Amino acid sequence: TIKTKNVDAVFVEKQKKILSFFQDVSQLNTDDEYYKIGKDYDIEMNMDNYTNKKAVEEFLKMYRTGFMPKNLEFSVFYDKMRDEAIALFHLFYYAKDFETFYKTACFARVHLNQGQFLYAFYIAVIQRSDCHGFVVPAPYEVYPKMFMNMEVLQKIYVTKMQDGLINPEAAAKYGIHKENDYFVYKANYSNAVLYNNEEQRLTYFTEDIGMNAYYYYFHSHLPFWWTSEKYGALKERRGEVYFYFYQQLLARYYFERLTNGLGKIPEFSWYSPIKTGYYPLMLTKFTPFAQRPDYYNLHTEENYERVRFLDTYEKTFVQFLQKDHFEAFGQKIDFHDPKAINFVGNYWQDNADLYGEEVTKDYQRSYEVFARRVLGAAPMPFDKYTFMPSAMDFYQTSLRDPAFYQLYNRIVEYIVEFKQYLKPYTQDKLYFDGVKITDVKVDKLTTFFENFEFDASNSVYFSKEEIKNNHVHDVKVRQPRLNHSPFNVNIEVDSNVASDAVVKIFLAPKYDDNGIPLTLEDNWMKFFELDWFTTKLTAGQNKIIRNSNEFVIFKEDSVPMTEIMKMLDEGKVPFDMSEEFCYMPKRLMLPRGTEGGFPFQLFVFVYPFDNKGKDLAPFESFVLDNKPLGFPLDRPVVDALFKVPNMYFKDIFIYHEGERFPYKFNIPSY
Amino acid sequence: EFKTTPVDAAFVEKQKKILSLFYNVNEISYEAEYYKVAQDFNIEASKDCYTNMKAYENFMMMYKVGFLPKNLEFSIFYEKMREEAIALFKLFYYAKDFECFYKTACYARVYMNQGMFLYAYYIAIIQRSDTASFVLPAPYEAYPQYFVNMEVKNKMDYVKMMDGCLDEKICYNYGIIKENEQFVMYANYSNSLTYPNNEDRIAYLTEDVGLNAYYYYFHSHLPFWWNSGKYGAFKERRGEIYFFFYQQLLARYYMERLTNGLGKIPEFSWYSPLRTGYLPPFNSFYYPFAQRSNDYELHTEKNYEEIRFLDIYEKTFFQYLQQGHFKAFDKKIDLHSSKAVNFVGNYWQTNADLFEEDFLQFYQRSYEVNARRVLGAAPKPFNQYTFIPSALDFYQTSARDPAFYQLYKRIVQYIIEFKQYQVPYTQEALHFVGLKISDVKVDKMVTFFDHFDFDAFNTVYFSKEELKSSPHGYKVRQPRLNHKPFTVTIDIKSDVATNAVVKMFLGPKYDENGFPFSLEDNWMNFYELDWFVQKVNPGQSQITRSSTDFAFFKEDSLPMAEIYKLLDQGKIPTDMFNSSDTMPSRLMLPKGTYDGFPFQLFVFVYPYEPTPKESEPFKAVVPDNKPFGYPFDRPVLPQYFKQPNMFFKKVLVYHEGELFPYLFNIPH
Ligand SMILES: *[C@@H]1O[C@H](CO)[C@@H](O[C@@H]2O[C@H](CO)[C@@H](O[C@@H]3O[C@H](CO[C@H]4O[C@H](CO[C@H]5O[C@H](CO)[C@@H](O)[C@H](O)[C@@H]5O)[C@@H](O)[C@H](O)[C@@H]4O)[C@@H](O)[C@H](O[C@H]4O[C@H](CO)[C@@H](O)[C@H](O)[C@@H]4O[C@H]4O[C@H](CO)[C@@H](O)[C@H](O)[C@@H]4O)[C@@H]3O)[C@H](O)[C@H]2NC(C)=O)[C@H](O)[C@H]1NC(C)=O
Ligand SMILES: *[C@@H]1O[C@H](CO)[C@@H](O[C@@H]2O[C@H](CO)[C@@H](O[C@@H]3O[C@H](CO[C@@H]4O[C@H](CO)[C@@H](O)[C@H](O)[C@@H]4O)[C@@H](O)[C@H](O[C@H]4O[C@H](CO)[C@@H](O)[C@H](O)[C@@H]4O)[C@@H]3O)[C@H](O)[C@H]2NC(C)=O)[C@H](O)[C@H]1NC(C)=O
Ligand SMILES: *[C@@H]1O[C@H](CO)[C@@H](O[C@@H]2O[C@H](CO)[C@@H](O[C@@H]3O[C@H](CO[C@H]4O[C@H](CO)[C@@H](O)[C@H](O)[C@@H]4O)[C@@H](O)[C@H](O[C@@H]4O[C@H](CO)[C@@H](O)[C@H](O)[C@@H]4O)[C@@H]3O)[C@H](O)[C@H]2NC(C)=O)[C@H](O)[C@H]1NC(C)=O
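These protein sequences, in sequence, are chains R and P.
UniProt numbering puts the first residue of the first sequence at 24, with every later residue one more than the last.
UniProt numbering puts the first residue of the second sequence at 21, with every later residue one more than the last.
None of these hints come from the bench; they were simulated from the model.
One or more of the hints may lead you astray.
[Said to hold, decoys possible] Examples of chain P residues toward chain R, derived with CB under 8 Å:
{"#": "1", "residue": "342"}
{"#": "2", "residue": "441"}
{"#": "3", "residue": "659"}
[To be verified] Subject to a maximum C-alpha distance of 16 Å in a straight line, what follows is the list of computed EDC-like cross-link-like pairs (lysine to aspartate or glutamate):
{"#": "4", "chain 1": "P", "residue 1": "284", "chain 2": "R", "residue 2": "325"}
{"#": "5", "chain 1": "R", "residue 1": "338", "chain 2": "P", "residue 2": "448"}
{"#": "6", "chain 1": "P", "residue 1": "23", "chain 2": "P", "residue 2": "569"}
{"#": "7", "chain 1": "P", "residue 1": "335", "chain 2": "R", "residue 2": "328"}
{"#": "8", "chain 1": "P", "residue 1": "335", "chain 2": "R", "residue 2": "385"}
{"#": "9", "chain 1": "P", "residue 1": "352", "chain 2": "R", "residue 2": "350"}
{"#": "10", "chain 1": "R", "residue 1": "84", "chain 2": "P", "residue 2": "448"}
{"#": "11", "chain 1": "R", "residue 1": "103", "chain 2": "P", "residue 2": "541"}
{"#": "12", "chain 1": "P", "residue 1": "439", "chain 2": "R", "residue 2": "385"}
{"#": "13", "chain 1": "R", "residue 1": "407", "chain 2": "P", "residue 2": "540"}
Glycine residues also receive a C-beta, built at the ideal position from the N, C-alpha and C atoms.
Please put together the full structure from these sequences, using the hints given.
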């Protein structure tokens, strides 16, 4: 039971070609087709196979100048590297058809930096219309060094250097086994060698590979530097997607804090020390990541000009709040208009749409960029291509750093200040005439840890012989990951008259740290959408059964590329990798419970689905409604004005079963 | 040694009258002309001596009240003082003709604060079109208290009180000598006791009298508080001039750092301690100059209010940058144009032009003024007329304080942030069709120190008797940097025949690393050496160009004693006349090494477009519609600087004789 999808031989061919660019990523097979086309490919001579002539020439101009050398680390957060990435993306996106697209990737893999290429190529496959429906490997299969500490990395290296185990039994005690023709490596989360503060409690979440790959997916789906022109009426709601993405993720993070006894994400000042540090154990090719000690002074010599920028960015927003209505960025904005949320979000992300342009420019300095650089505590880059990476230089590592959550909580707080100007919904807006929820019932909600393996072969260098012979896939990494049991939500609805309806399900905390019940007024942004769907109500008594497994907000685990090749010989592709790649993983749906059962609550809401005026299906079928994201909790609430018979608040408890500590899965037996 | 200009008889009469007001600036001679003319001058009954009636009555209202008393320190950075100086300048400037101008000046010289008079009088001579061509004493001869370290001033004061040397041989050992019945005092640059840090490595540039004069000259040529409408077409480029001046200056200064092992100008924060202190040997016979210790906290109670001001003034700028387009001060500004460069400069200088007005008003607060008050470290003024002075209170002492370069480095950087909005030069805008530089050769470039004298008689007091003979002869001797003349020869192959513009720049070749600078991060670090137009021939030719001819450098000022002797022959010095606001030649090159210090010479040739027929506020304004600093007025894409009509040459700057100036001042 891996949810499948059938496909033709023409599809199979194209999909194989796309997959080839994700194998043995840091090396080149002289013998492979991609290299022969690549080496010799003449872009100027093929000007006519591109939709956009200017993009070809913009690129040619830069490429004559020189692009980033191979082997250096690539981050989109630096001007010059970004500009190269984008000129490349444009080449990919404006290729007339697949053949030209493919051949261009071939050229780019041969001649350009690996990270820059993978970055642009991954986005291309997502953005190109003729590629819609095709599949990409999970980011942990492509950048495995980014999803693992150096301990595991070094074992992998040592084994490769020895061409095997010199002592299988000694290797066993380090968590290394041959299984088949694979080397399998057990890995712990970093707290197993490092407890430098309370935040290390949250490692099975913040270091979780799906959680991290998910951030990377979100960014690739719609990067800040590019317009959202291609996504239809999403353009008018971009800032809303930006806010909601972070609001949801920060709610989910907050739950993990609660169940680990830690309370609220702390507030900071660009002029004061920040208390909690980050000691990364990742390696890249020629450096470690940068450390931030505890009590790092954000306002040192090197950050003076940066903080002046950051500080002005915020205060400009504060000035907006004070003004209510203003002209900025060539738009008349009114903070009483709920639609202003588009501008607000666009402002904080400093995205292409803030300016109504196709692509952002170096002179449009980003807040998130400069905040990331400040809190990362790296020294000044050596030059435009040589920096010291911190977790916050990459979408695939950001979630690892406590400061990451502090930064986005700050932005999200500011957006919440804007939402204070919005009129709270009245009874009449929420009341579903003649409809009452009479009971909600939930099976036991229970988390557990469970071993998961992924292909880490891109972390290794292979020899001439092995590359020729395709023996290039033998490194696995096994790691306990959070999961929960499937469960049913039973909803009994009463309605006089039959009617089409929307049902939404959220998860929220029950109490603050003091154990006072949370009131809606203060905590409407602490709610996490679990599911939305439509049903048909009939006169009388209704019963709606929804399995967690059918919740639409979440996806199943990716399959390795290895099983996709096998599948593609049967004419099959893994459905959840095709249509649902950028959803949160299902197995991280619930926060880790407690043996006694930690208290949360479900919010269930039912309202009329009379038509479908405004609905999104270009980005994907998320909002089949002209309703705000997170309705009816997208603005502030008054408890008395809110409670309505078609809402129901149910108290629940989240349990944990089996081992509570992941490292207990990684002990060798004696 | 100097270029002369023949000059007729009418001129000499007028020039002499002018220079005579600069004699014994600090006391009054009851028997001098100026005094009798001042006494005979009924200010009340002579409204018709002036072009502007409003200006006349304005001054009168003020004068009935009262002006800054004699002897106190004058600084244009304090409101009431500025308003009084401006009123007096209005008077000088609106004087119907040279006669009324002279009388007013005599009047002012007698009844007014001498510092305020000198300030206003300098500017008036430079600005009045009937005085445009006349010459002025160097600032160090008119205000020698701002160019003499205290030790020297005291050595002179005690020699005066003694009426000469008790014993030649004690005197000698103290660097005091008799020469042609004149006293010569030898002067060292200040020791770690004045710059308690690394910035003392450079005291020979920062204390240099030419460099400090230069800054005084640049201010007087166009004061921030005045309108630029007198220069017509130039007004649209005032902010451009402001940028260019500081950018060039800081580029020159950074080169001196590099040769003394010093690196980047430190950056600072109003909310943090400033690392590098300054202790000036200057006093105002009332207060000593305010000192700034090392690691001085800018954000202390007495600065809370001013920092608030400086902080928004900066952040308002950021908000401009973020918004691309916006209305400000009447205007709608789009940062993609050049009406932008001008605005940006004007913004940062809060000059009169920024408000589209003739003079700065009472209540329009200046960023530079408060930046300087905070960095200057002084306790708050005691009243309207009495402040505690700092080096940053005067144009003639500003260049002496490390903080000065840090302050202007900050502004210049903010302008560079704006410049990222400017569209870069393309191949076609830079390529000179059918012209190529095939080679550049340069003579040995050699720096060295040698002695330079000035008359410091202005800070010495004389008796009634002595005054009757207007007396001088108190000379200060100081080693000063200098270079030997050299020739640049350029080799050019060209297809056809036009006038060309030849431009030369000096830039660093490596950073403090030892790493080659790339043009992307170096264009701001080039200073212009020269500009000239050339007839180009078909085929192969050689342009030869000597340093002594470089358009942006001047010879040394002559002291008045020498000016008087030249005037006696029908001559004046060209450079003091045609180009006082240009940097001195001796400072053309930063101190080299015996070794030879690696820099690069940038040689640019582009087509000449005959344009403007103007009337110049500075010599930096050459008759060309190109930007100042072109092609280094803005961000560069390094791959367009490979046109055949560009040559980058590695040059090495040598040094000869003693490396340290203090070895030039040792006794026996
Ligand atoms: C220890 O530290 C030191 C100091 O950092 C390291 O030194 C660095 O080493 C780099 C090599 O790794 C080196 O970079 C290369 O330099 C080449 C030469 O650069 C000069 O020339 C080019 C162009 O040539 C023309 O120039 C003049 C002027 O017009 C002409 O008259 C000539 O005849 C030539 O026609 C200029 O542009 C430069 O300014 C220099 O003057 C570079 O050409 C070379 O570029 C190539 O690599 C780039 C990325 O790899 C790529 O974008 C570019 O397109 C080039 O591609 C060629 O090379 C690749 C392999 O690099 C090859 O596979 C292709 O087929 C293709 O031919 C390099 O960039 C740095 O200059 C140097 N740093 C310094 C300060 O010197 C040192 O490596 C390190 N050592 C160790 C052990 O760690
Ligand atoms: C992930 O993280 C977990 C959490 O740390 C790691 O778990 C540790 O693994 C180590 C090493 O692999 C374990 O050590 C071994 O414990 C053995 C048995 O239990 C002990 O009995 C002893 C002996 O009397 C008691 O005194 C102890 O307190 C233990 O309870 C022990 O047999 C074994 O001894 C070996 O090493 C010693 C070196 O001095 C030799 O003398 C001896 O010959 C033998 O070789 C080990 O010490 C440790 O217990 C585990 N941690 C915990 C908390 O249980 C995982 O290994 C990590 N997984 C990966 C892949 O890294
Ligand atoms: C500008 O700045 C420079 C450098 O600071 C300064 O030069 C210094 O000047 C002083 C005197 O003016 C000079 O010292 C004199 O030094 C000589 C030389 O002594 C040498 O030989 C000694 C052994 O015989 C040895 O011990 C020394 O180290 C040195 O190599 C010396 O003859 C003098 O001796 C004394 O005379 C005084 C009289 O006041 C007595 O008090 C004392 O008892 C001695 O008899 C005297 O010390 C010093 O060396 C110079 N410094 C340097 C670093 O070279 C300039 O004077 C200053 N110039 C001006 C115009 O301001």
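Hint check results:
Against a cut-off of 8 Å between C-beta atoms, the interface hint on residue 342 of chain P holds, since the closest Cβ of chain R lies about 7 Å away. For residue 441 of chain P, the interface hint holds, since its Cβ comes within 8 Å of a Cβ in chain R; the closest pair sits about 5 Å apart. Using the Cβ-Cβ criterion of 8 Å, the hint placing residue 659 of chain P at the interface with chain R is satisfied: the shortest such distance is roughly 5 Å. At roughly 13 Å between alpha-carbon atoms, residue 284 of chain P and residue 325 of chain R fall within 16 Å of each other, so this suggested pair holds.
At roughly 43 Å between alpha-carbon atoms, residue 338 of chain R and residue 448 of chain P are farther apart than 16 Å, so this suggested pair is violated. Between residue 23 of chain P and residue 569 of chain P, the direct Cα distance comes to roughly 11 Å. Compliance with the 16 Å bound is thereby established for this hinted pair. Distance check on the hinted pair: residue 335 of chain P and residue 328 of chain R sit about 11 Å apart at the alpha-carbon level, within 16 Å; holds. With a CA separation close to 19 Å, the supplied pair residue 335 of chain P and residue 385 of chain R exceeds the 16 Å bound.
In summary, the hint linking residue 352 of chain P to residue 350 of chain R is supported, as the alpha carbons are separated by about 14 Å, within the 16 Å threshold. For the hint linking residue 84 of chain R to residue 448 of chain P, the alpha-carbon distance of about 14 Å falls within 16 Å, and the restraint holds. Proximity of residue 103 of chain R to residue 541 of chain P is assessed by CA-CA distance (about 13 Å); at most 16 Å being required, the pair is judged to hold. About 12 Å separates the Cα atoms of residue 439 of chain P and residue 385 of chain R, which keeps this hinted pair within 16 Å; it holds.
With a C-alpha separation of about 10 Å, the suggested pair residue 407 of chain R and residue 540 of chain P falls inside the 16 Å cut-off, and the hint holds.
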